[PDB]
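Asks: As a plain string of letters, each chain reads:
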Amino acid sequence: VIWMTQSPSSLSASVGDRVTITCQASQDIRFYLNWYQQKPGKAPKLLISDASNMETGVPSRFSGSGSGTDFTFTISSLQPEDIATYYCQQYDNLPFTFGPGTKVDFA
Amino acid sequence: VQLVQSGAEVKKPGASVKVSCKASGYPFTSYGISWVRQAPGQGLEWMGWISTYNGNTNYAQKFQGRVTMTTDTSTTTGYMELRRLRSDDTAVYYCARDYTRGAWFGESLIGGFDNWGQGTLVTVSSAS
Amino acid sequence: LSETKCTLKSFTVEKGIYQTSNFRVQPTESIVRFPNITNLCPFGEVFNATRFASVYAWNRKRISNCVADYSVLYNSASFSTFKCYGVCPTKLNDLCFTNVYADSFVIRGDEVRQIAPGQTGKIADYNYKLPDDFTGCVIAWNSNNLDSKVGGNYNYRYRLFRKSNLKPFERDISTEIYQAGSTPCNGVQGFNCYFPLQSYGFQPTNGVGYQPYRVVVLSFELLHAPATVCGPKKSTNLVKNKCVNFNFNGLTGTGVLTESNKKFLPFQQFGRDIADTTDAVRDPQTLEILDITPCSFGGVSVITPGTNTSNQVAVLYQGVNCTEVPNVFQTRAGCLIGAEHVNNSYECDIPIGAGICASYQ
Amino acid sequence: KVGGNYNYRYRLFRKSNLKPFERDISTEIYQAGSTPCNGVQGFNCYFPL
Amino acid sequence: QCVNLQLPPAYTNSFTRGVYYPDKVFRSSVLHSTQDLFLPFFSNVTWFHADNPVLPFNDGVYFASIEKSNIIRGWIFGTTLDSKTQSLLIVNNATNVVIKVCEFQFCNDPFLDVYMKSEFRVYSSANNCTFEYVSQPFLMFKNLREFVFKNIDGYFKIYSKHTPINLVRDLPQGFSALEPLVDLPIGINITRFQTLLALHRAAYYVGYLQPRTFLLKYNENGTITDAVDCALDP
Amino acid sequence: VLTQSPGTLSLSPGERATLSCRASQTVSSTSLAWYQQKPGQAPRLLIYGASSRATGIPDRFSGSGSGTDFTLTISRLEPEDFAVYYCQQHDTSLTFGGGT
Amino acid sequence: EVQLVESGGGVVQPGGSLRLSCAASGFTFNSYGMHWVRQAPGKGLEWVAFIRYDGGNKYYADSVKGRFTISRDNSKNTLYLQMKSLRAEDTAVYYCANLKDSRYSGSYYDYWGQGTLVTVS
Ligand SMILES: *[C@@H]1O[C@H](CO)[C@@H](O)[C@H](O)[C@H]1NC(C)=O
Ligand SMILES: *[C@@H]1O[C@H](CO)[C@@H](O)[C@H](O)[C@H]1NC(C)=O
Ligand SMILES: *[C@@H]1O[C@H](CO)[C@@H](O)[C@H](O)[C@H]1NC(C)=O
Ligand SMILES: *[C@@H]1O[C@H](CO)[C@@H](O)[C@H](O)[C@H]1NC(C)=O
Ligand SMILES: *[C@@H]1O[C@H](CO)[C@@H](O)[C@H](O)[C@H]1NC(C)=O
Ligand SMILES: *[C@@H]1O[C@H](CO)[C@@H](O)[C@H](O)[C@H]1NC(C)=O
Ligand SMILES: *[C@@H]1O[C@H](CO)[C@@H](O)[C@H](O)[C@H]1NC(C)=O
Ligand SMILES: *[C@@H]1O[C@H](CO)[C@@H](O)[C@H](O)[C@H]1NC(C)=O
Ligand SMILES: *[C@@H]1O[C@H](CO)[C@@H](O)[C@H](O)[C@H]1NC(C)=O
Ligand SMILES: *[C@@H]1O[C@H](CO)[C@@H](O)[C@H](O)[C@H]1NC(C)=O
Ligand SMILES: *[C@@H]1O[C@H](CO)[C@@H](O)[C@H](O)[C@H]1NC(C)=O
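Protein chains in written order, with the numbering used here: chain A, 170 to 276; chain B, 2 to 129; chain C, 493 to 853; chain D, 8 to 56; chain E, 68 to 301; chain F, 1361 to 1460; chain G, 4 to 124.
Treat the hints as calculated values from the structure; they're not laboratory data. We put the beta carbon where it would ideally sit given N, CA and C, even for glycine. Just so you know, not all the hints are guaranteed correct.
What the hints assert, rightly or not - Not everything, but these chain F residues come out facing chain B in the computed CB check (under 10 Å):
id, residue
1, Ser1388
2, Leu1392
3, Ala1393
4, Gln1397
5, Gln1401
6, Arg1404
7, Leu1406
8, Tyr1408
9, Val1444
10, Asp1451
11, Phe1456
12, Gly1458
With the sequences and hints as input, model every part of the structure.
Replies: In structure tokens, the structure reads:
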């Protein structure tokens, strides 16, 4: 089983700030990683697939990069609508695994 | 793996001290427990060894009749008691996980004291 | 109907009843039941010993009442030899035994090949003998850095002389004088009188075949008794009255489990049928006796008029209740699905069995 | 080579065995424990070749 | 402390006696054929009065006793019966059965000295012990106690049965199977044995087992209720 | 009895260090170990079995020896390598050296 | 247009069993492999099981493997999860989803249902 981890567990940031979230895989998963954003009471929404591929409809302020065990998700300029928990999921090998999730607060 | 011990204690001469050693992060009964003493500014002195599996013990010649070791397998904790305390027994008492002797057969092994604790300071002064 | 056409290997099918397949109830879940052992087996204290015994006086260590992880041994890069007989080391990690014995000693490299069933030679014959039906694993490694000395380590010895070959698992430590001719010795060494044990020349500069090797032989026995040794075990809850896959103390199979009325005596762990299959077991944790019966199965027959009359069919599930199958009629022949039962009577058209016939009306 | 020919290498670490005729030339860091690497070599983090 | 305290043999018929469970697998409602060391039917069994000589062990022993006073406490099994070799000592006391294997230096005529209180006068020394086992007493109208002793592949196996008896200087007729009692991983040779009696300040029978094929009848409850000794007659 | 030398080894950072331990009697290589103790801290095992590295110990540390003469070496002293080292044997009873 | 609707949730006792289902519409259900994911209160997401488009190969997480069964009916456009030997730890909201994947499911689009709560008490 490939375990997933994230850092930090939580962060606080204001509107206009740059937000960086780190995801790590227990083993090399190439570029095969999905990034999901979840708000309370709702199902998760996909923002990025295959490490860097942006989903249609996702604002350009969002990005991501990385390979192997090392992946980063970035918001270049945080908006008030971006307060949510972000999860990273590997789909390289079954069973599939999600990370613990990183919580973003509004400072 | 983590080993923890009791806090510092002060005793009068002729009394006795019992030092605990709680251990976790490994199969407790697979490894023995060793005890080492170190007086201020002094080198390391061995006190003895106990098997967590069968309760078999071995003691250094200076502590025979003075030291008793016991193990609680339900709380994964070792203990060592030193009797007839003297002022020169003032020292830090360390507990470590042992791989110099087998727990089941009691034979010498290729290894050492793999994991140590914080050490319990015992002071033996008549004056408070 | 398509299955009937394929079974008969024909695109046209005549009126009749045809067996086309067999049905079988599949396991709803998989359950594992191993002994409740809290201590791990002392393998570390066997292989990392500071000193090892000689081959003439090999050492025996009994392993019992514990859990064993062989994944640390087979996957180790430290071993030069790891040969198993009667069992796979990768499958050993989920088997159970009544006892495991670890035989340990030191020999020269060239003698390692003698540590195997059916072998002969100075070691196989006079020092350490394994049976032809030996089950277990032979593990060995070079110890030139530990058991050799610059001036030679004559602390290790072997038997050179004997009257006859040893039986399996025998240990002979006699040091009395061997008479090689017809004239006796008086306990005194001399012509035709030799001390039976010889020392090994163990120097660090010696060739590979001459250097010392540490050997551990793991002998595995499975008598009819509560297993005292089991590999890494993950146990599950016990499920009854349903088709399940099970593993009881290393015994794998599939079937329905129920409380048994069989009066087992305390020393009994299981029963057997005339087919040599197990039909009852004792649960290794609760000590409850369970009956084992395999899951419902049987033939599937398709009833049809000729395809030149109709493409309609009915299906007979032979020997089962209609309630276990997933116009449903229960016959003594089994469950008939797709046919309408009527209270009239006619001449038999397509025979079903037990007085029941079917026809296209 | 007299000083050693380190031009030739082999894979020492992997998550699982290769299927027949597979070829893997990834150079990313292998995590051997439970703590992640950050692409950085260190404790429980080893370059696979 | 050892204390220094031959008659012609008497014989009896073992009609259908000494059958035991060959293995631990449950069977029922079946006739099962087995080859093992069994006491032949209607054999001539040696009868002693508790007269305690050293006897040969051969291939295994069927032992039985009839008593109402617990005189027979145990047995000695071994080869040399001295400190030169490992010997097996089996004794019963008021609370437990005690089993030891050591280089015992046995007395010339070993016994247990009874005053309620008892003292063992069995051996003068017990060096280099290799095996020890303690449990509840084996043994604990007259009491008929039956045992089977086997030593195969280093394993010393004991089977037993206990019933009342109202007969006098002989063994009863009828079928009764002996259940497994203990299986000890001792690893020693046995060629001779002796009985251990409690003497204050009963009778026993000895038969020998042979390699015989039996047909055993397991009833609906999985207990053996009948048997045929295939080599007895046509 | 185990004895070590020098009692105090004076070296600058970046330098190679060598520490000796000697025995009153022959000690099997399988029954010797080396430890390090930093100021205010419990001892930690560095080497066991004379020449085997303990878990978590950097490549800077190594050792060798036989008979009555054993050595601990550090290829290059880092600021964290400045500590008191002890040699131990458990071939007969169990004893420690005086430390260096 | 695309919808995924879970049902069959509720409260059950420990050691019991429960059958969950997910109706699908607006998309080619019979073309995609399907996943189950659960989320305990105050916790992150946990992947449960996957089934291929043809209803053949099935996969499970170690936490549910041997207890839970995954199945589907492509004629009724419905996904199912059959849970047995339930424990208190299984209390969670269960979601059916078509997770974007370039290796196994071949899904280009990512869809999730509304979720159904299962409580073990
Ligand atoms: C012997 O000890 C070493 C170091 O602790 C370990 O790597 C090795 O696996 C041990 N061997 C066994 C059988 O435990
Ligand atoms: C399991 O543990 C129980 C006590 O919790 C004990 O009664 C039982 O006999 C054990 N089973 C086995 C096979 O040892
Ligand atoms: C098949 O059906 C046709 C009428 O459609 C009939 O004439 C023919 O005889 C039938 N063949 C057989 C073998 O019954
Ligand atoms: C199965 O069929 C038999 C009659 O053949 C009936 O007695 C029995 O109750 C049925 N079992 C079930 C579960 O309906
Ligand atoms: C056949 O007769 C039974 C009563 O014997 C009745 O219950 C059943 O409904 C009848 N079925 C048909 C098709 O007439
Ligand atoms: C019994 O006989 C032996 C052998 O002669 C002798 O050594 C022992 O002292 C005698 N015991 C008594 C009580 O006389
Ligand atoms: C019986 O033997 C056991 C084991 O040696 C001992 O503990 C017990 O006290 C003995 N009983 C009596 C009455 O001597
Ligand atoms: C055990 O037997 C050995 C000979 O194999 C003998 O030298 C030794 O003295 C015996 N030990 C005791 C306590 O008798
Ligand atoms: C035990 O019996 C075997 C087989 O006859 C024999 O080789 C061995 O020497 C005997 N050992 C003793 C102590 O009698
Ligand atoms: C088998 O046991 C039952 C009680 O469970 C009893 O009624 C029956 O008579 C026994 N059969 C025999 C032959 O003893
Ligand atoms: C095809 O879809 C129809 C509903 O439009 C359904 O009734 C039928 O069973 C489906 N067939 C297959 C093979 O899925």
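Asks: Holds or violated: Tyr1408(F) as interface residue toward chain B, Cβ cutoff 10 Å?
Replies: 4 Å, holds
Asks: Go through the hint on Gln1397(F) and say holds or violated, using the shortest Cβ distance to chain B against 10 Å.
Replies: This interface hint holds because 8 Å falls under the 10 Å limit.
Asks: Please verify that hint: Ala1393(F), Cβ, nearest Cβ of chain B, below 10 Å or not.
Replies: The hint holds - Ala1393(F) has a Cβ within 10 Å of chain B, the shortest such distance being about 4 Å.
Asks: Minimum Cβ distance from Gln1401(F) to chain B below 10 Å?
Replies: 9 Å, holds
Asks: Does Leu1392(F) pass the interface hint, meaning its C-beta sits closer than 10 Å to a C-beta of chain B?
Replies: Holds - the Cβ of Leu1392(F) comes within 10 Å of chain B, reaching about 9 Å at its closest.
Asks: Could you check if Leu1406(F) really has its C-beta closer than 10 Å to a C-beta on chain B?
Replies: Because about 9 Å separates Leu1406(F) from the closest Cβ in chain B, which is inside the 10 Å limit, the hint holds.
Asks: Taking the least C-beta to C-beta distance, is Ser1388(F) closer than 10 Å to chain B?
Replies: 9 Å, holds
Asks: Is the interface hint satisfied for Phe1456(F)? The criterion is a beta-carbon contact with chain B at less than 10 Å.
Replies: 5 Å, holds
Asks: The hint names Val1444(F) as touching chain B; please verify it with the least Cβ-Cβ distance against 10 Å.
Replies: 8 Å, holds
Asks: Using Cβ atoms only, decide whether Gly1458(F) comes closer than 10 Å to chain B, and label the hint accordingly.
Replies: At about 5 Å, which falls below the 10 Å cut-off, the nearest Cβ of chain B leaves the hint on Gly1458(F) intact, so it holds.
Asks: Grab the minimum C-beta distance from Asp1451(F) to chain B and call the hint holds if it beats 10 Å, violated otherwise.
Replies: Hint on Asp1451(F): holds, closest Cβ of chain B at ~7 Å, below 10 Å.
Asks: So, as I understand it, the hint says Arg1404(F) touches chain B; can you test that by seeing if any CB pair is closer than 10 Å?
Replies: 7 Å, holds
Consistency note: the structure conflicts with none of the earlier hints.
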